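As structure tokens, one chain now follows by itself in the form deposited in one PDB entry.
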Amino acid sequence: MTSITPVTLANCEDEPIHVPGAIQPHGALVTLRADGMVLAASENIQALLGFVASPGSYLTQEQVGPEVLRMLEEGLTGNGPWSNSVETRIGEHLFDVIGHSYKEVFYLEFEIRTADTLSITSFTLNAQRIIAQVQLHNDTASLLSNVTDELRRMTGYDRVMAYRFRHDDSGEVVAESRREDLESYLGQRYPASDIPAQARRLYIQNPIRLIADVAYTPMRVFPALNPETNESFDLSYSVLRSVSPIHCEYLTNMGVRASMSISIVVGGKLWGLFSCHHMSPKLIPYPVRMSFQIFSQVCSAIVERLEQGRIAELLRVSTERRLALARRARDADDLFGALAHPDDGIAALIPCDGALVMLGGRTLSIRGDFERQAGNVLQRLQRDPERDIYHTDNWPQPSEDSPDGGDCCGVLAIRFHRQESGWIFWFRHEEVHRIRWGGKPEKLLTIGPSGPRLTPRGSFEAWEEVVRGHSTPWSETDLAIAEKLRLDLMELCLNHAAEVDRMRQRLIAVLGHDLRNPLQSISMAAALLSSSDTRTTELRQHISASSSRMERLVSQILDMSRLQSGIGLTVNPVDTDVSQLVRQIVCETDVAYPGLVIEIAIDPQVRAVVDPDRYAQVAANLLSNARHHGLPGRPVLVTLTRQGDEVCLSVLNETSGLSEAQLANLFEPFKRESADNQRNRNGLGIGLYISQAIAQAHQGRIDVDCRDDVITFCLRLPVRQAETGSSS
């Protein structure tokens, strides 16, 4: 739907190995339609089976015999997936005829069992042999060790190996059984490109491969495209499927002449393989490969059980320490203390060569001194501040320019208090690794008539690569522990930091209560001054003005605290003459500010049940806002009107132009722009915030209209009558 077609990232995953259009010549293939019509067949069918499977026809009993027709008939007419096989003699050779269905196409694959003993061993006896062996092991090390030997005994292959994939898709030969005169491949690494993603995905679906003769010439199955869809025949589940010519080249470079492999699937991912080699052609009869296909799933389930148990036990053991630390830190007076102890603490949660706890600008290093390393990592994290977890095993080793460089190649950092910079770091020193590679990893490129070819390595001689500047990698367990600790510490930091709010509530509330009395006393004393002398009169006036200003500030503080605390404003609606109140406020404002030209259009005797103190407060806030933000010398128009069940008071004044962002933030508290406005340098900006809260408390609202740098405010309050109680 995005109208885009991405391009693949790697050319090694782009071979369609599942639709080769060819089979290995040790059998014959026939493809059949859901009604039984022959669609395509392998070109050797006349030589191997003695008859021509002409497309469009149906198999005759003279051709495949009654056993194959009985099997096919039960297949085509059956329901759900189909997979069956039967033993029959066609011509003079005994054949294993395998049948399966995939994506509505039915396949019949014939393998010769010439020069072999009839029913020498059955699928059930071999399956029980292996499953009984596999179930004796409680560790994957010994499970893979013994299974590799039993598989070599049963098959008789020149070599059998257990190959385990790494987290980076590479893999290592973790177990081996081999003929004495063969060089051991145990413990060698092989790169991720040796088994491409396409194969790993396929080998989760079809657990068994066999290559009977690595020198084989593919037999083309023609027509190559299914006539009913023009699509290639999907041979994913075919046993005769022609393997990639690049892998037969890879095995020719190993000197291998037959191959077999069995998948190990864990968690829906290809966990490993059992790979078998022979230095001469070798075919394993289908009943035995069927027993191996059964074993593949039993062994996969057992390995999964073992790995899940081991991981679960490590997770439990670590959860114990994490919870104990959480308890200690919760009980301790200082978290930055309880975590920063060289005994236990966070340094003991994850294997590290030292750790550092950082919070609120306080740091402590455990088992070393890493404030330098930590600070430098933060100076790296400053480029991606939204990142909360950082882990690395290849920290750039410092240059020789100064000995201040720290060789702590491993860093694992987690942020538990983003605003206070709560950081925990775990460090690891450089661990010098040595890797035995199965052949030098030369590039997959050769140029010839085909252009560049993805040719495999020319030799598999064990090459030893020394790794420097790398530490012990942080396991998925360590990363999980680090994240769970991050969350546990965030929760504790929130519970800890939330107490600051309660303290400020108590403090401010007591201050608001205790400060009113001295101000009231001063205002009363100023009112009691006889004002006999002109000097005494001026001082009395200045004292009364300053006291009223402080009372106003204290009132604003109380209101803001009550609003932020959610208590709201306790309004007392009473029948108030809005006309008289607004006219009085305007007159007092004009007399107080003779330079402020105030125009009034106040309807007479507008009476409404409203709180006179809150309405006066709103009017004062609006006049102050118009004075501070209005253009100097411009007149202010005040219009009070009753619009049905609402009282509308409008104030219009010119401005130097207000942006839409400023208009949206007009009601925001502590607006930074107020500190820069030379006329409002002392304005807290809460005037609109408090006014809006007052309007909401009165079930009203404050409208704002700014046009052509002229802003118009319209207070709308609902008309209501106060309730009166009676005994009736």
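If you superpose the two forms and keep the largest set of C-alpha atoms that fall within 1.5 Å, you have the rigid core. Residue numbers count along the first chain shown, from 1. First, how it differs from the form deposited in another entry.
Put simply, after the core is superposed between these two forms, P456 is the one residue in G75, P285, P218, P456 with a Cα shift of at least 2 angstroms. In this overlay on the rigid core, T252 has a C-alpha that sits less than 2 Å away from its partner position between these two forms. A displacement of less than 2 angstroms separates the C-alpha positions of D14 between these two forms, with the rigid core held in common. A displacement of 2 angstroms or greater separates the C-alpha positions of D384 between these two forms, with the rigid core held in common.
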Given for the second form:
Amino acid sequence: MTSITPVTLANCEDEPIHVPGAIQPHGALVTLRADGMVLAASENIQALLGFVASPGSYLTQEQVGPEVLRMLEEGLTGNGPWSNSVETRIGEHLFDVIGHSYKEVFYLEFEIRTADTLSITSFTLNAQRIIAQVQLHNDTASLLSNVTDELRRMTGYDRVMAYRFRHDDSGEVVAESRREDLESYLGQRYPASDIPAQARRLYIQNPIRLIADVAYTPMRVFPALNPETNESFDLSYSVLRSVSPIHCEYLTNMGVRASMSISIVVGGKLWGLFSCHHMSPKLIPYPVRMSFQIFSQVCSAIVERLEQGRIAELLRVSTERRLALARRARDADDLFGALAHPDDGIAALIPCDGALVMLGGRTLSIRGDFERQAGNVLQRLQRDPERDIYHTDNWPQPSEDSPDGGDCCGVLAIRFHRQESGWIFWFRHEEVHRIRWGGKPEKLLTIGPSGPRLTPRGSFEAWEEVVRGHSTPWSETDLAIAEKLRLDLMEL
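Having seen the form deposited in one PDB entry, could you give me the form deposited in another entry?
We keep it simple here and write out only the one chain, dropping partners and molecules.
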């Protein structure tokens, strides 16, 4: 046999999950050349479809029937990306046949329709009403909160969570709906490393991902290498694509047996994800998944609009505050009274855990005590004094050699008056300190061979270790506001 790489926690960061060479046993995959010649098929193809797709053969009406052949021929003879489906009866079972093409290869996926058509119609209507009602939401928090409960009410999943991804791709459960006896994961954080770059790519490219059974045994696709090119078949868009063994073990530790997740894509990146988890196997009919795929596209457009609105509104309000303060600084009797004003001062321009004003030897801390942090920052800046703007989200925490210390892990500053040490500072506390007061998801469970990290506790500890000593970073909005404020203060 060829070489094989064992998937372990040390190498899973680069696991080739897009080319597993196997599919979930709830369906069968047929791979076809651009001329319709069968390149490879699944080992269970004879079990599900009752016919053998011998490589090098061509499909016939005796095998897949006329509807599948007409769909396929319309695909092979078409131009550009192809994606279609048809219903057909093969043997006794009714199969949903999904067709698509990728990297010049054509795929046919035979999925048994186990649910009744009446339920499929009702479930489609409910999904379509989500698609319609989601346009009425005024804010993304309301949207995610309402959609999570409506998605659970419709699908009946034991748990539904909405994830929102932060600047570093770390996940956060921002909304939840769950069975009464289930442990709540609301507010849990987990590191970006829990969803490898390849998985994030797949979540961005494919709007819906479904795992019918985590305890499944993959069915192989033979040959594993493409007969024409010595490379594995790229199953990136396959609906039946196998699951990584590590994610299976992770979900297994949580007792999750099935999952379905709906991606939210904004600006070409995975902005959020509705993830539905079930404690027992659960299949969602293909027409309903297609309705959720349209929901994903619509909700992504709505969330993009709502985020653009929220950003524009924050820029408007910030500009109004900035102009009001820039005027008052000249109009007021004292620049400290203006800048340090509890509501109209600089502390209201950038969301911060405190601020400090320094000018002509004068100092004043806002919402805290930051005099020594500013002093140490200046002592560091003295090694590179031409920095009129300074930005850090990872100020080094000092050793126990001093009782006073840099508890403000983040510092942002502006030198508005070089002549008299005119400095403006914004401070933020550790991103762990900003959350630890809310508790932690730490629990103990029966755990598989890979150990405790494949559990929500281990995931949260790994996040805590990643953001340890780091404050929430200054976004491009904050940096823009800071530079604009300096440009305004350059006149004063």
